[PDB]
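Number of protein chains: 4
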Amino acid sequence: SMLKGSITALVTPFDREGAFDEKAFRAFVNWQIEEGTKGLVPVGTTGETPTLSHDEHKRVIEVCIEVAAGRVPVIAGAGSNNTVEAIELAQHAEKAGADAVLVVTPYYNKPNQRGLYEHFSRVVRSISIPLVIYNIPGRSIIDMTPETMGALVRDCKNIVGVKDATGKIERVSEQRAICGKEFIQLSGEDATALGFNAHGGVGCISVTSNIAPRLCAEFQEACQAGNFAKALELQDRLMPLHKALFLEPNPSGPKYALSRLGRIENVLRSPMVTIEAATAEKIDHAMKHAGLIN
Amino acid sequence: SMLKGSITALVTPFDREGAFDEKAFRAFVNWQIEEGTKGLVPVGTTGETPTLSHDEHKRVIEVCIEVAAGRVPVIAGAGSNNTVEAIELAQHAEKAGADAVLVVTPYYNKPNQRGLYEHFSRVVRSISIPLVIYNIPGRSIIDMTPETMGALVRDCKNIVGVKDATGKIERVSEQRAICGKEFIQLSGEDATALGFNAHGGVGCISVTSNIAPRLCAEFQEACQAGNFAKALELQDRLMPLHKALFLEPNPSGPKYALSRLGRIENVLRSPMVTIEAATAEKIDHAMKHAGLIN
Amino acid sequence: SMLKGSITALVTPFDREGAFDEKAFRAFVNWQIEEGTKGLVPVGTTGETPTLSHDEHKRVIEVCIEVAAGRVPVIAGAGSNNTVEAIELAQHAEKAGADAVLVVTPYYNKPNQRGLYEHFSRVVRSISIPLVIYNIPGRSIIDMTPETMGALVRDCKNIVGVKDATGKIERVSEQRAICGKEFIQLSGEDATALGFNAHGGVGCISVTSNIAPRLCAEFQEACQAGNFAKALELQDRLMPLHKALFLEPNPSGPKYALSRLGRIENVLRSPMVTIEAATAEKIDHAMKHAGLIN
Amino acid sequence: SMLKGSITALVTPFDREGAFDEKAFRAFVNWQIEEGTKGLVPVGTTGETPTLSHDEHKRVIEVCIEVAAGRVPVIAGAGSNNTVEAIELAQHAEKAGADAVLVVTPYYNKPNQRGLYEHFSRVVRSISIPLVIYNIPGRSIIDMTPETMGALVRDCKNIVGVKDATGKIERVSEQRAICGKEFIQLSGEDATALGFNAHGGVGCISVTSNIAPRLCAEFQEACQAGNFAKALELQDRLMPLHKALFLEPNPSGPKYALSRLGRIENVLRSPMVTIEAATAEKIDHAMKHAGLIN
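Protein chains in written order, with the authors' numbering: chain D, 0 to 293; chain C, 0 to 293; chain B, 0 to 293; chain A, 0 to 293.
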């Protein structure tokens, strides 16, 4: 569809006082597109949605859509562990001109499969734009089974794919069998994007592409062209950065990395915190390996 | 000191339309106190806080405090994964007349120990009433270590105890060694409340006490008196209900059980859902075993 | 029957050349009994059974029985992931004059519940002395459910009890409900022995009792008398040693500790290795806290 | 070391009395080679090594080598949680004429990284044929880190590759970075063989290839040729069988499947047991899908 390739899970930059840095964000989103990013996810996991006010949440989406200017799809984060709240966020994303919404499995309250089916069927029926399921047991603890995901694709037209952050690559095969070959599967993990694409993925909603949008865009292009030899060469270049970016909790690593490129301030909101020196040095080394700094 | 014994993690009742059933809640809170419940936690995990609006959240606390009428402590749930939001909730709980606040580890965003330290030190310094740390890796994934908990009690006077939902009983011993004997340890799990108290717990923030407040009050009294033989007799009576209540996701089991006593409607907010018939029958059997119904 | 209280999971001492140190072992088993140990398990987890030859395996059991001289029960380790091998080990233990056998859940090959039922029913029917199930998911990965345990106690006369190393104290309650109050439950973990007994345990197959047999014997006696207040005072004394002994893989910690008492050489067989200096210092400090050394 | 492609983790057939079925095994090993299997692992996890006597262990290796007749490499299973035992097994495998040995991380006794280093360095130094590390946390619980694996490749000439059963595909990238590009990485999981190869794997030590040697050989050939579109078509054909074969514990599924092809008796040694009828029907359906039976 339009949902393929390297799609950046955008950091939300803050200034030296913790306010939304709209100026850095505008320049950053433009840089991303110039470097070959195929899509943008504002206010996701990596955007520190939890610490944004309701107004900041709306504003980051609006600015993201305005700078994109139709050049690349905007898949707005619209996640909540409250079905009524996720409806409101998804409708506001659509009204604001989002191309699609990314809707996480409810976190903290740990619903069963019936509850997941109800949550996703009610959210997608509230809107007219495509919905991507965001399955991340490592943050929501519960796990949408391929069977539940199949029931939702069968029953709901606008459920078009998954951000699959299970890190269990056999799921790509099971989801392909049950949801079909047209079901849009996007890696939710940078380090396993390569194998994810071999099992039938068509892209990655990426943290690393915040830092290396061009190499990540080329890596994804290589996978979609079937040039796995080139993709593996690019994996050898990026894997140190895939690893170093996650030594500390996301998006501490990415925000340090983007500050080291001079593009944002190294600032996060409690309970997220700046990385220690030792992490910062492993991220610098990984950025040299990848050729992003001399 | 007032934080001892059986403390009910209150369900939030909804009517046949999903509105706050204030009438059922008032009668329920009163029944709980009459049956010997030693404290109340409104808008905690079992209260479906995620699906309450800001106004419903305020109202459940206000009504809880009003009905309590100083007869037992009210420990208001005041959790967020956003430090600024948790400050605002804790201050509002204090202004409303709460005796203390229960503040969960940030869920979803997975901060490190420094982030936890910052979160809890800023929340407790924003207020003048006691704070209880709520450590629940099974919902927030990350885990406040005894060491980090010790640092917070050492540095912050008004951090007075923990709701410990780790299910790892050796933590009670480690928290007692590092946080001290005066540190108030309350079981976050019904089924291991007994062993929890043997290691130095002085009570339980309980789901089962929603259904069997009097037997739960006696069980806790027996532990605090040192009559572990009586506590074990009461465990033989309560354990099938401890188990049957959690066959399906909390608080679906409890809400069915309380509807079977005629005290609420069997109604939850998406993505939480009513239990299957088979579960309902295992909860009826466990309630018969405990002598709550014929 | 006489399976109660502090039962030592004996280390197998090696000399400076890696041979079985039979002289240190005979003095150690005698010391254990003199200090009030209520039972002995030779060639278990803590005995490095995997690195003993078939002849060394037979000899450690024989020496244990010879020194015991009927003063305390010997529960010989007779564990294998091969049912035919476990039959042969249990029969050899019985012929050698063991009072009972400790038989682990098969490790590595990960059988289902039917396979566990078959394993334990065939081994216990091969012998005429009591059998204790050893349930340790932390080493064998699979987990005998309370239901499977129930089936085995119900159907096999000589299956009398469990060494429960799940660390999940709600299992003691579930096993008591299904297997009955007369079913002999022994903690498989030192740090949760206390809570284990509160839920209906009658003792602990202990690592710590290798080092502090007398304090561990008194702690267990206190629990069996219903003096949980005294048991908790003894927990305050023992918990730093419970922790320091397991900083590094069992039995590295215990073997260093027993060498520091002058009772064995600090020698293990590959792939087990001696502890680091730093660990050794945390073990010394824990031994001072407990009053075992000046 | 042309250890590449589909390498079968051979079942050990037993007759209706539980004895080694040498006649079925000879015909099976020959069939495997005729169908394009590139290598053979006798007496591995899938061969029920735990339940083989010392003489049966030697015999299955000897028959495997004799039937192979130099046509494909034989990588003999030589695993133990005892370093001295693993030495003896590896030397005997070499004396019998094995091309290489597969040596599992010690199970049950849970050594640290020093213990793993010592275990593998002593085993490989005892022999003069190549050694493949078998890293399987799902059976041994402990996990050789890429750093420990790199130390062993740096220090030990004959450590040539890994059977990687972590199911964590980012390990392939990390092992390639630290152990180098010539380090032979073989998938330890059938379901993720495809992505494993995309990250730099050159084959799979396979369970499924017991049942579909030809399709598994083609799948691996497609990956090694860089035809990932063909490999993915073959994944769509094999994945239901990759799943159905592991509904019940390995090798109960494979043994039923091979009995349904008429090639062995459906017979396992305790504690492994024949699959239920229900599983057998899901395996039949998966075998129909793959075109192995009508």
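Keep in mind that a hint or two might mislead.
Said to hold, decoys possible - Here are the simulated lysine-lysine pairs, DSS-like style, with alpha carbons at most 27 angstroms apart: (1) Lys109/A <-> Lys109/B; (2) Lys94/A <-> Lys180/D; (3) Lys287/B <-> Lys180/C; (4) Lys167/C <-> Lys109/A; (5) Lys94/A <-> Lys167/A; (6) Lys109/D <-> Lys229/C; (7) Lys180/A <-> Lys167/D; (8) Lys109/B <-> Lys57/A; (9) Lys57/A <-> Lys57/B; (10) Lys229/B <-> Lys229/C; (11) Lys242/A <-> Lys180/D; (12) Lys229/C <-> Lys156/C; (13) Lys180/D <-> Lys109/A; (14) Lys22/B <-> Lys180/C; (15) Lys109/B <-> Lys3/C; (16) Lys281/A <-> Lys167/D; (17) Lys167/B <-> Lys287/A; (18) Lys242/C <-> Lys109/D; (19) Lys229/A <-> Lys167/D; (20) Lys167/C <-> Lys57/B; (21) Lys167/A <-> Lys281/D.
Hint data in this document are derived by calculation from the structure and do not stem from the laboratory.
How the hints compare with the structure:
1. Restraint check for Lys109/A and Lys109/B: satisfied, since their Cα atoms lie roughly 16 angstroms apart, inside the 27 angstroms limit.
2. Annotation: proposed proximity of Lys94/A to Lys180/D is violated, straight-line Cα distance about 51 angstroms (limit 27 angstroms).
3. At roughly 21 angstroms between alpha-carbon atoms, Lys287/B and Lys180/C fall within 27 angstroms of each other, so this suggested pair holds.
4. Distance check on the hinted pair: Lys167/C and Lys109/A sit about 21 angstroms apart at the alpha-carbon level, within 27 angstroms; holds.
5. Only pairs whose Cα atoms come within 27 angstroms are accepted, and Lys94/A paired with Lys167/A is rejected, the gap being roughly 35 angstroms.
6. Of the pairs offered as hints, the one joining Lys109/D and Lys229/C is violated, with about 35 angstroms between alpha carbons and a cut-off of 27 angstroms exceeded.
7. Under the criterion of a C-alpha separation no larger than 27 angstroms, the hint pairing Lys180/A with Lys167/D is consistent with the structure, at around 24 angstroms.
8. Of the supplied pair hints, the one linking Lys109/B and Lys57/A holds, its CA atoms being roughly 24 angstroms apart against a limit of 27 angstroms.
9. Straight-line distance between C-alpha atoms of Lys57/A and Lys57/B comes to about 24 angstroms, which keeps the hinted pair within the 27 angstroms bound.
10. Between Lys229/B and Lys229/C the CA atoms are separated by roughly 18 angstroms; this keeps the pair inside 27 angstroms, and the hint holds.
11. Of the pairs offered as hints, the one joining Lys242/A and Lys180/D holds, with about 19 angstroms between alpha carbons and a cut-off of 27 angstroms not exceeded.
12. Annotation: proposed proximity of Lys229/C to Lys156/C is violated, straight-line Cα distance about 35 angstroms (limit 27 angstroms).
13. About 43 angstroms separates the Cα atoms of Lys180/D and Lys109/A, which puts this hinted pair outside 27 angstroms; it is violated.
14. Annotation: proposed proximity of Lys22/B to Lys180/C is violated, straight-line Cα distance about 44 angstroms (limit 27 angstroms).
15. A threshold of 27 angstroms between alpha carbons decides the hint, and for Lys109/B with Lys3/C the separation of about 44 angstroms lies outside it, so the pair is violated.
16. Pair hint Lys281/A plus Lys167/D holds up; C-alpha atoms about 22 angstroms apart against a cutoff of 27 angstroms.
17. Proximity of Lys167/B to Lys287/A is assessed by CA-CA distance (about 43 angstroms); at most 27 angstroms being required, the pair is judged violated.
18. At most 27 angstroms may separate the alpha-carbon atoms for a hinted pair to count; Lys242/C and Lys109/D meet this at roughly 17 angstroms.
19. Between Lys229/A and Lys167/D, the direct Cα distance comes to roughly 22 angstroms. Compliance with the 27 angstroms bound is thereby established for this hinted pair.
20. Taking the CA atoms of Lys167/C and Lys57/B, the gap is near 37 angstroms; set against the 27 angstroms cutoff, the hint is violated.
21. Distance hint between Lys167/A and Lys281/D is fulfilled; the C-alpha atoms sit about 22 angstroms from each other, no more than 27 angstroms.
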